[PDB]
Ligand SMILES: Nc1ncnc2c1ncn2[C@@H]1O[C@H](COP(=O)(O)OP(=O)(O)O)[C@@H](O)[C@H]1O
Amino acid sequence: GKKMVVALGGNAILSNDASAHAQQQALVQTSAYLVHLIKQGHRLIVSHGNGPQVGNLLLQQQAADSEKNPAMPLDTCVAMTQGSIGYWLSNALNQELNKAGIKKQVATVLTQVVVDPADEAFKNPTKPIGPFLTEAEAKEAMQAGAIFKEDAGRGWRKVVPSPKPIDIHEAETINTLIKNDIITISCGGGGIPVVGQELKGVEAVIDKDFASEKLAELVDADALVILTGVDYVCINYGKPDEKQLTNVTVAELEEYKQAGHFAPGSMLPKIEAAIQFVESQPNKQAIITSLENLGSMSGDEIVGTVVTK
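May I have this chain by itself in the form solved in complex with adenosine-5'-diphosphate (ADP)?
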């Protein structure tokens, strides 16, 4: 069996219906697939994204904003989504483990992810968040310290930094749970962004896959498994000559990267994080595939885009 960090994405909470019940139902389906990994002897360390969840929460912050009910900053909103999604996922996993007759503890740990204040991302925030405000509301926010950028035609929306994760505060706690064979859920939404030894909260968005890769390094995982919306990373994706990548090496991926095969923002971060993990220490593996593709496992072997040195 392998100790693996499993980084869930949007596909893990595929529901369309934004209700808690619909998202919980989606996570139960996701958990059924994850339990396949447990049946095969793997030791899971799970993380997840929070795109639509934090997006809706941010809209809720604005809808009721007042002196008595002030909008919560982004870092607190991320913490809230670690709570909601962590609850839904841990609950769903327990259900599916029970259905399989398997006894295994699941626990969600709030996770603060440290970033460098000197990170170039802070001088140049590029992550748009929240609702589209009017120039007026924008200028008012500007005078309030926020950085807004008019999205020509759509309006003005707040932009925040996307810094690199340099450490996971709760890493040792997560390691402790790991060693006690407890399935942990952490780094939700890429983590609650904090800076410095004092762990000062900041409004930023940390890439979930790089946060997961940092966790994988800190807990000395054997593999980083990113589960997304495709069974295999492809070259010429969506094109007539599309080709699925199975076993790949870093040099191969670097060649394809320069040819522009991995869309920025979506697949590119996964490829970069996977390469980084494989380059971090000898005998490390990274896999990019989907939950559904776990049905194609060969024994305890996960198939998909498998990256090695």
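For comparison with the form solved in complex with adenosine-5'-diphosphate (ADP), kindly provide the form solved without adenosine-5'-diphosphate (ADP).
Below: the lone chain, stripped of partners and molecules.
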């Protein structure tokens, strides 16, 4: 079967209700779609984000911060989310696989991702985490050196450095599990950020799609699946020349970018990740589509925007 890396969205897992129960229930539905891919003969390699979750955990660190109960730094918080989310996801997957009568092991591996300490991201935090706050709440929280940015008509959120992944420490272990036909969950929340050969933890949160892209390269995956809310990457949305991109090449995508398409903060990064993967090695494809859309995939019918070349 074809090896595909799929990165689940942290904001998809926690779309509203922040309770463990609500998130666990969401992953139950996510798992049905993923199992569907397993039934179509595909080999699953899973990862996930943690924006909402890590921001919330951080607030808990602060709520009781004291010498007797010290707040855990961001790198350890990411590690904790690899545990909570990895548990919820692996537990949900196992339940669905059992019901379906599919004998397949699922395993979550804590993952440390190496980044460049000179990364520009460290002096320009941009990844929003935690809950949306009012301007007043944002200013009050900035007194603690924290940096906040506003999302048009949504509120303010704490932003953190989001450096680029250059290597995955446990990559060889993940490969071994894949070779033994085990469904792996790794690079949780983008991966525990570390630098140097000593793997010193740094406070940041890596973007799941770029961590996944890097993972896909290291495990020699066949396809990288980047998730969105719709079925196809759409240009000129809501305009007479609206167009849903189906099968496209890298060249075509570059042409679209040069024409000003793809929002810089949402879609552009996804397009960039897709291009990077397709240009990494021969015979590689990137699929940008919805979770629901993958749950409809029949054999090779890969609905969604498929990038090649």
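Rigid core (definition): largest C-alpha set, two forms, superposition within 1.5 Å. Numbering follows the first chain given and starts at 1.
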With the two forms aligned on their rigid core, point out which item of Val159, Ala92, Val219, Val106 shifts its C-alpha by 2 Å or more between the two forms.
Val159
When the rigid core is used for the superposition, does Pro128 move between the two forms (threshold: C-alpha shift of 2 Å or more)?
yes
Please check if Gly260 moves between the two forms, taking a CA shift of 2 Å or more relative to the superposed core as movement.
yes
